[PDB]
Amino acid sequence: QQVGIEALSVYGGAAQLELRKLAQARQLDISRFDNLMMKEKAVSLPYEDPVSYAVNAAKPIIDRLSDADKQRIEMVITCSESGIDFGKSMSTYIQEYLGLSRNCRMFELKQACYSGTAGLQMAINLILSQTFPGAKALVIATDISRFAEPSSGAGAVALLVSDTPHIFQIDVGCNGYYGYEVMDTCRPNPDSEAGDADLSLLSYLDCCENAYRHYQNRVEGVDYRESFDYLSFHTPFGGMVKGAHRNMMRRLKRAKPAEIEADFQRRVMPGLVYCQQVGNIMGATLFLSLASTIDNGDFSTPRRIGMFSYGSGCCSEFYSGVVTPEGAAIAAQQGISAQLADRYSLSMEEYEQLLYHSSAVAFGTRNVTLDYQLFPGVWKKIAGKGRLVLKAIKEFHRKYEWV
C-alpha cells in the first residue's frame, strides 16, 4: 500500500543573522562557525510565535487544496518543544486560522527533536490503518529559540500525509528506533535550555548507530552506501552531521578518509544547504534537510533517501523513502531558496534589541499588545505577503492577524 508526504512547505523566518557578525562582535575566531558549518540563523520577531510559524509553513499546502480535499484533513499534529500552554495544543489555533474542519483530531507531540518524526509516523499509521479511507493528516513541526545561541534557529515545516504521496513515498515497515533515558539536553524551565555538548554528541552517535542497526535487522541485505542515494539527518549544526556520517562509514564500511569525504559531499551535503541558512530548528530540522536534499540533489531518476531522526533525552529513528523526478519538480516550485534569500538581514545592534524585546512575549504572558513597527524595515518585508503574525495576548488567549 502507498503512503507518504503528499506536500511539503517550509517557513524559515522573516529575518536572519549572519553568524560572522556574531563571531566578530562576540570576540571569537571566524574559523569557528566555518569549521562547524554554520552560516546564518533564522530569528523570530516578538510578534511571531510557534503558532504563527506553523500556519505560515502550512498555508501554501492548504491554498492549493480543493474544498473537498481540505475537508479530508482529519488529524492535525503539532510537533514542538516550544509549547505555549501545559494542556492546550497549538493545533487548535492552527485549525482556526487555516479554516480546517471541526471533525478533526487535534493534539501536540513532544520528545525534543524527535517530535516531528513521531508525528509523521503516527500520520502514516492513520493512512495505513485504513480506518478512514481518504483521510489525510497535517503534521507540522515548529520551534523557536527565544532567549547554543549561535546554533539555535526558528522555523517550521508542514507535511500533508496521505495515500497519494506526490513528494516522498515511504518505505513501509522500514523503520529502526532506539532510545534510553539520558541527560544530554533538556528544557526544564520556560524560554531556556540545559545540557552537556559532549554527552549530546555521544548520545547522538550511539543512537545513529543503533537505530540503523535495528533498521538493518528488519530490512534484509540493506547497505549503508549502496541502498541510499542521499542521507538526511537531524542537524544541530553541519559539523556534527559530518562527524556522524564519518563514524558510520568507518564502522560499517571500513572506508578511508578520502572516500568518506567524497561520499559526504555527494550524499549528505545537499541536505545541509538550507540547514545552514536557518540554524537548528529542532523537530523540524530533519524535514528541512529532506527538502534541501530534494532541491539540491539529483532526481533525474527516482532516488532513495535514508532519514535519521534524533531527540535529546533521548529517542531516535532511522527510516527511508523515495522521491521521483515528478516529486522533485513539484518541490522546486515551492521556491525555498528564494524565500530564504528574501529574509531581512539583521545587524548586530538590531539583533541585541530583538533579544531585549523578547521578554514581553515570554511563556506565561497573560496580556500583551504587540508593536509591529519595532523594526520598520523588517515590517516592509512582511506587509502584503499574506503572513500570519501574533497581534496580542488577552487573558492568555492568543490573537493572530493576516498581514
The other form holds:
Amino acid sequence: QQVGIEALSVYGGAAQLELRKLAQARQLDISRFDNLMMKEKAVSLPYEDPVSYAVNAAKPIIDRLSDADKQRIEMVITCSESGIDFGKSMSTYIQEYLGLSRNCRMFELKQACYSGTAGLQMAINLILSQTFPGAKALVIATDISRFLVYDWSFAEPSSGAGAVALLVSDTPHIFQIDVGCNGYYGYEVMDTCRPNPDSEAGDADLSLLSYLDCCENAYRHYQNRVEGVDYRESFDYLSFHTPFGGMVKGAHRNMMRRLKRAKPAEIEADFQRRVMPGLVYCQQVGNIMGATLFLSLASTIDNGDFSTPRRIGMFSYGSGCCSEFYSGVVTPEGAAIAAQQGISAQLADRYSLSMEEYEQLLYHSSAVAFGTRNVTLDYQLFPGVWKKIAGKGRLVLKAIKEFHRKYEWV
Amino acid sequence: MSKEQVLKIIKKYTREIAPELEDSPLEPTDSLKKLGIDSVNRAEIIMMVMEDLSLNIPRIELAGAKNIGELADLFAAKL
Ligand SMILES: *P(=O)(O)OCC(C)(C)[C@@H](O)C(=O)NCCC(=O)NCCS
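Having seen the form deposited without its partner chain, I'd like the form deposited with its partner chain bound now, please.
So here's everything in the complex, that chain up top.
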C-alpha cells in the first residue's frame, strides 16, 4: 500500500531576530552562535498564536485542492507543546478557518517535540487501515516560544516559532513512507519540561545526553526491523529534530563513529553531504519544537539533490521523553513540486527585528499570556512589521473575547 | 580505576577539546561551562571518557555533575 506526504507547506513567521544582534547585546563574541550553527530565530508577534501559525502553514495546501479533495480531509491532528486550552484542541479553530468538512475527527497531540512525528504516524495508520478509502488527514505541527519578562533563560537563543502542515494520503506526491520501517524508544526523564504556561524548565546538558541515547537506541530498533540496513549506504540524506545545528553535527558524528568506525575527515564530509542540507531552513527559524523535523525534511528536499529518487532517514526526539527513527523516498517529481512552494523566498521576506523591537515584543507579549480572557490586539504595535503582513492573505489573532479567539485574514 | 585516575582522563580530553587550556592548571572544582566549553563539547568530553573506559551504559548516567571532580566521582561509581 502506498502512503505518505501528499503536500507539505511551511510558515516560518512574519519576523525574525538575527542572533548576532543578541550576542552583541549581551557582550558575547559572535563566534558562540556561529559555532553552534545558529543564525536567526523566528519570533511570533502578539497578534499571532499557534492557531494562526498553523492556518498560515496549511492554507497553501487547502487552496490547491479541488472541493472534492478538500472534503476528503476527515482527520485534523494539531501537534503542539504551545496549547491554548486544557481541553479544546486547536484543530477546531483550524477546521473553521480553513473551511474543512464537519465530518472530520479533530484532536491535539502532545509529547514535546515528538508530537509531529506521532501525528504523522497516526495519519499514516488511518490510510493503511483502509477503514475509509480515499480519506486524507491533515497533520499540523505548530509551536511558538512566548517568553514573558527565568526558568526559560537557557532556551532564549534557540527557541523559535513555526508551523509545518502535512497532507497525508494514499498518493504521497512529496514523501513516500517506508511502511513498517520504524524504530522507537522512550522512557521517563526530567530533561526538559513545561510545567507552567509560556515557559520551559530543565537541564539542557541532560537533554543532549538523552537525545544521543535515543538517537542510538531508536535507530537500533529500526535496524532490528529492517534487515541489512546501513547507516551510510541506505540513506542519501538524514533529517533530525534540530534544537540547534551544532548538536545535530555532534549526534551524526557519534552515530558515524560507533556504527561505521569512520575517521574525523570522512565524518565531516558525510555531514556536509547528508546532513547540512536539512539544517539550512532550521538555521533561519530556530527550534520550532514538534515542527522542526518536518522543516528539516522540507530543507533537505529543497537543498539536496533529487535528480534520481533518494531515501531520507528521519530522527525525531521529544523531551520527557520519546523518539522514533523512520524513513521514506522523494522523487525528482516530488522535489520539483516542493520547490514550487518557495520556502527560501518566504523566509527571506520576513521583517528583520532590531534588538530594541525584540525587547519591546517580549514586554508586549504578556497581554496574550495563557489564560487570557479578553484582549484586543493593536496591529500597529510595529507599523513596519504590519506593512510586511498586510495584503498577503495572512491569518492573525484579532482578539480574545470571553476566551473565544477571533482571527482575521489581512 | 579510581577517582583520581579518571580525573586525569577528563583533563586530557578537556585539553584535547579546548587547546587553549593545554598549559592551564585544572582543579577538581573547575566546571566545564565556566572554562568556556560549549554545550556540544561538554557532551563530547563525556563520550570520549566513556569510550576510553569502555563504559557502555546510557550517557544520561553521567549527567548532573557541577564540576570535573564530581564528574570523576560519577565515572568511578560505574566501574
Ligand atoms: P551551550 O551552553 O552551548 O548552550 C546551547 C545554546 C545557547 C543553544 C542554548 O540556548 C541551549 O541549550 N538551547 C537549547 C535547549 C534545548 O532545546 N536543548 C535540547 C537538547 S536535546
